[PDB]
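Peer 1: The primary structure of each chain is shown beneath.
4 protein chains.
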Amino acid sequence: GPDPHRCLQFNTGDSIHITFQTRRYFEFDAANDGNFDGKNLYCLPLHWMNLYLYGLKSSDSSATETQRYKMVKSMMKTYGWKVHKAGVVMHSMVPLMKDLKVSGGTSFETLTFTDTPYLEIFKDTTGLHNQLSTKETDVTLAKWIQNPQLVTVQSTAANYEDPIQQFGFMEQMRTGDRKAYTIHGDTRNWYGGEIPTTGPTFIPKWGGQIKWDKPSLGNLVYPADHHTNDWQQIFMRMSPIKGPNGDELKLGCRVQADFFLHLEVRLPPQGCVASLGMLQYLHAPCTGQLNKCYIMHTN
Amino acid sequence: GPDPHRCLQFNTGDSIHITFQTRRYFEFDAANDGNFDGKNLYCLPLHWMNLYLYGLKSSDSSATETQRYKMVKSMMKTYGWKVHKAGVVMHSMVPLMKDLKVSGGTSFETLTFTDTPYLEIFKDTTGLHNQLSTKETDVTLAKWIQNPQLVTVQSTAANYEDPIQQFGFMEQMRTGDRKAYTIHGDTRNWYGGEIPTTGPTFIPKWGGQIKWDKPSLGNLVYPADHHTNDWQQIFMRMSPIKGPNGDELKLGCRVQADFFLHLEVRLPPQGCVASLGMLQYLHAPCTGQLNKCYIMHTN
Amino acid sequence: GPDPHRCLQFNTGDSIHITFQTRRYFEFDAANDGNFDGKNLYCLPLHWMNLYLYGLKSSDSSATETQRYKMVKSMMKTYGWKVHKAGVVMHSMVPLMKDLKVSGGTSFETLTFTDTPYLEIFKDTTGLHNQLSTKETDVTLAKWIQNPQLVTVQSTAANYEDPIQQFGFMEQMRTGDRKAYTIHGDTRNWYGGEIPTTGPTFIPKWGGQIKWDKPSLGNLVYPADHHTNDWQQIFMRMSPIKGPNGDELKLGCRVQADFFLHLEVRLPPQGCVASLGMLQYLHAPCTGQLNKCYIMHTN
Amino acid sequence: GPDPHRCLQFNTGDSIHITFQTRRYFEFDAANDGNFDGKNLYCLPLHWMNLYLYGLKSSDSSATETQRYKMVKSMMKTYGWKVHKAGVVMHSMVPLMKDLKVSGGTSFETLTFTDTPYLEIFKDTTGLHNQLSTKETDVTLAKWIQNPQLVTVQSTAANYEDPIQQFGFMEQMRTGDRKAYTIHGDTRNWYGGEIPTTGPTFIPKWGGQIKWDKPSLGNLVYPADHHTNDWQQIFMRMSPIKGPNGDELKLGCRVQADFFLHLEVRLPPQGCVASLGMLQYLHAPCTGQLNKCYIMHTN
Ligand SMILES: [Ca+2]
Ligand SMILES: [Ca+2]
Ligand SMILES: [Ca+2]
Ligand SMILES: [Ca+2]
Ligand SMILES: [Mg+2]
Ligand SMILES: [Mg+2]
Ligand SMILES: [Mg+2]
Ligand SMILES: [Mg+2]
Ligand SMILES: [Mg+2]
Ligand SMILES: [Mg+2]
Ligand SMILES: [Mg+2]
Ligand SMILES: [Mg+2]
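Protein chains in written order, with the numbering used here: chain A, 1 to 299; chain B, 1 to 299; chain C, 1 to 299; chain D, 1 to 299.
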């Protein structure tokens, strides 16, 4: 039979799950400054946890933490967390143009005549780049939340066709389309620390130049055995339309972007003191800079 | 049993395969200069290997060899190559117009109101022409890579309807369409030499006026027995729209063109010296001129 | 149905295969200098890629790269390579002796009377040595290509029987025999760089003291989980024959050695620029020195 | 048929197995010094190989090596060893008390009236601690062999109930019970060196802060891929009994503890010299200090 003297055993490793969800408006043009070129593309870093745990303050559109992040921030920081899945779906595109003008007046923005204009989406699958800089080096987290920011992919690309000649992956987005991109985080470890407003924290992934760090008092755990499948962030630009006579149209578009992230947070132990054991297994996530773009290549 | 004194036999005729891929933007108008006529059409010489082995330099949009061609150029030149299949697919057409104007102002380019405008594509299947010249005789390889160039088909064709009355093959391309054209090269021989920037090198084909040349020290190998099926390059022009009262619209369009070519290159022999035997079987491909257009007719 | 706006996706990770083949003559004696001892043995480093990618210049018997290596050297260096399988087969042994002499004359070389003489082949399977030096420390790549070179295994081994008392693996080779030894390289990674004439580059293997290096900008990928099966190079010497009265015969032999290596080289990306992404995953192969011998022991 | 010239191949990697067995007496009290508190607990480090390879000298109860360890010490040190399984079984508890006293006299030790008193056994499964110190910092190996020693778990724990409120795992031991605890060592590697009298040598385990070291001339082999199941040592104290009026009983107990460890030792190679190859794969075991306690936490 049962042990009449069995003692209550405390739970170990139990956790909770929190889902983050939000919606945003994004606008895009041909990523040009004057005549079309192939120097920049808008970048959407889906791997940046910051884009999901933060939102915009209604009064000044500044970056502010979501109620959910705010309420579990302390627990995350101390006991650890994992990111299972996260992603975005862009849809409901609305094409725009600024080619109409009044006599002795300037061009004004309007809807487009038809639905022929489209957005171009790229991924560096052939291994062109390792590290890039934002066109503006003073970009803030708020800006990124407001919209994907421009990244210089080829400072010397006067030829606007460079992107379509170089990027391995390419697809178009037009009215009626739905474009979904997701990322699954590595779940072998628990990660510690908060997700600051100063630097992007990457959803746990291991490959190429990308790597997370070992615990303060513990061995590093990672996939050393083989090359993992690399994950690519996306780059975009409204397709730059040139006419047969060299005329360049002024087109752009606005889309709705729905975001989601599934977070799992570790619970504190039973008792009345903060433990210390987690120092042996809590890994430190990889981080970057608001004005930098790191592309993973495992092959 | 096996021969205890068998010696290692060296491989013979082994080769490697390289695929070339790229994407480009093309623009077209009614191929006119003032009032519509039927004198010129844009030509897309899919048989020109140069269009696949070269690309555009990002800094000045000049012709430059692709990394792939660059890395196998030497081997190709000396040991030989074959072209299996190559082609293009034009899609995502975006119709354009320059008929809108502001009071006391000129016409400006804009998207089109509807999707009714379309591109006309022709092939000389009935045997009208043998040799044509480009409208401009100083065209460069870079220009051809940038866009299909104009070719004079009927210097005396004041009547803009001449093309639709004369060309045996004709089809239209409009928004949503995909137009694919391919060519399969003759594979009975291996060909030598580089693909220069000065003159177009034709994908091996035999028929009519078109022919490749014999090896330096060897017999010519070709299909002498029968007439092969001729291959036609395409000619285009945005359909020239005239109104009931003689008004002529200013229409054009931009499309995306994806290119591919499958190349097979012969490997050098085992050992430490360049051989000489290939001189007996390496044929010389047919070549043309950047300002000329040769049409094949085997029947 | 299909997407009317699908774009061409570029190939990724495609590669080519190159096989290297050659034949050589090797000669061996009892590895002695005067009276027999057990200090040296000829070594055949099958793991040295240099032995397969290089050959001998016909004019001066110096080391020179094979046409095949020469034509892919640049691509290998920049985009990466792997070695699948490589090896040698020694056969057609011809026993020799220098025991016959003319009155008031010296000994002269001749064929042997019978086929009783034989070659001894060893492998250090019991873990005797880690690192050894060549008897002559000024050995060149050309010498190694010309013939297996002497390596000092026991500087204090006056007793010529030491090798047969110590080496764990041993087999004999005589007329009619075929002795094949192969090595399979690790294929989890791509490796960069050329194979110089100055230092031996090892076919990728991981174990014991042997290890390859991490990419410039990427994580190291290797089998950390377990001990791999170690690979042993071979050591030889014509069996030293002593008579009942201490007389020492002067025997040797010549064999034919056929070599082969299967190389796989990565192709450059589509486009007109050299990429940089490979810096994240191209590992650096292990290298040694022409006058050193490293033996692997994983158990 | 068989090769008439086949040579004897030497054995490789062969080994021998040695089992260690012993019995001891352990005594325990409430781990207090005056009034009950929750600052210390007796610790039994089953992972310390020293507890199995050493015993007590009959003349002075000092630590001395067992005949078995003594006879294989040299071989272990040089050629390597592994620990498969080891453990203890505590049984035959005899409860004690010192609450009886004579008029105008002090308390004297006696058996207990009934079998209600019991021992408490804990394991830090919830990750409370990483590193602890022994109550006395001058503890010797002999002391540990003589009995489990006190370790300070909470220097500020005046509240004697702290242990039962904090430790995740807890069970009781009373008359008639048998408490068995075992540990299985990692067997992927061979380990070298002796097991000194100065510092505890841990049975090979990898996880959290715990790790073994790489060979002198070889790659480190360990489970990097995932978090292993951590192993916990035990902590004890006779249950501190307080009466309804605050009276504190003086209880304790004595048990018999049977120990065992299965060791596998590698044999030297055939021949007449000590080899050197083992330097490439013999790992170095993790070690600690006689006055320290390291707790593993992999999650
Ligand atoms: Ca916005
Ligand atoms: Ca163009
Ligand atoms: Ca030779
Ligand atoms: Ca005792
Ligand atoms: Mg605009
Ligand atoms: Mg980044
Ligand atoms: Mg126009
Ligand atoms: Mg032509
Ligand atoms: Mg001789
Ligand atoms: Mg070596
Ligand atoms: Mg007592
Ligand atoms: Mg310890």
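Because the hints were derived from the structure by calculation, they are not lab data. One thing to keep in mind: the hints can contain errors.
Identical copies look the same in the list; a pair holds intra-copy or inter-copy alike.
[What the hints assert, rightly or not] Pairs of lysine to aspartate or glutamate, DMTMM-like flavour, derived with a Cα cap of 20 angstroms:
1. 292 <-> 138
2. 214 <-> 162
3. 214 <-> 247
4. 98 <-> 109
5. 179 <-> 27
6. 250 <-> 33
7. 70 <-> 264
8. 179 <-> 3
9. 98 <-> 248
10. 292 <-> 161
11. 214 <-> 177
12. 101 <-> 248
13. 214 <-> 161
14. 73 <-> 109
15. 135 <-> 29
16. 57 <-> 109
17. 292 <-> 99
18. 70 <-> 171
19. 135 <-> 109
20. 98 <-> 162
21. 77 <-> 161
22. 98 <-> 247
23. 98 <-> 171
24. 143 <-> 162
25. 250 <-> 264
26. 143 <-> 161
Peer 1: Please go over all the hints and tell whether each is borne out by the structure.
Peer 2: Evaluated hints:
no.	hint	in the structure
1	292 <-> 138	within (10 angstroms within a copy, 45 angstroms between copies)
2	214 <-> 162	neither (40 angstroms within a copy, 32 angstroms between copies)
3	214 <-> 247	neither (55 angstroms within a copy, 48 angstroms between copies)
4	98 <-> 109	both (4 angstroms within a copy, 11 angstroms between copies)
5	179 <-> 27	within (15 angstroms within a copy, 28 angstroms between copies)
6	250 <-> 33	within (11 angstroms within a copy, 26 angstroms between copies)
7	70 <-> 264	both (15 angstroms within a copy, 19 angstroms between copies)
8	179 <-> 3	between (59 angstroms within a copy, 13 angstroms between copies)
9	98 <-> 248	both (11 angstroms within a copy, 12 angstroms between copies)
10	292 <-> 161	neither (24 angstroms within a copy, 26 angstroms between copies)
11	214 <-> 177	neither (42 angstroms within a copy, 43 angstroms between copies)
12	101 <-> 248	both (15 angstroms within a copy, 16 angstroms between copies)
13	214 <-> 161	neither (43 angstroms within a copy, 35 angstroms between copies)
14	73 <-> 109	neither (43 angstroms within a copy, 50 angstroms between copies)
15	135 <-> 29	within (15 angstroms within a copy, 35 angstroms between copies)
16	57 <-> 109	neither (28 angstroms within a copy, 34 angstroms between copies)
17	292 <-> 99	neither (34 angstroms within a copy, 38 angstroms between copies)
18	70 <-> 171	neither (37 angstroms within a copy, 28 angstroms between copies)
19	135 <-> 109	neither (25 angstroms within a copy, 29 angstroms between copies)
20	98 <-> 162	neither (24 angstroms within a copy, 27 angstroms between copies)
21	77 <-> 161	neither (46 angstroms within a copy, 29 angstroms between copies)
22	98 <-> 247	both (13 angstroms within a copy, 10 angstroms between copies)
23	98 <-> 171	neither (24 angstroms within a copy, 29 angstroms between copies)
24	143 <-> 162	between (27 angstroms within a copy, 16 angstroms between copies)
25	250 <-> 264	neither (45 angstroms within a copy, 43 angstroms between copies)
26	143 <-> 161	between (27 angstroms within a copy, 14 angstroms between copies)
In summary, the numbered hints that this structure violates are 2, 3, 10, 11, 13, 14, 16, 17, 18, 19, 20, 21, 23, 25.
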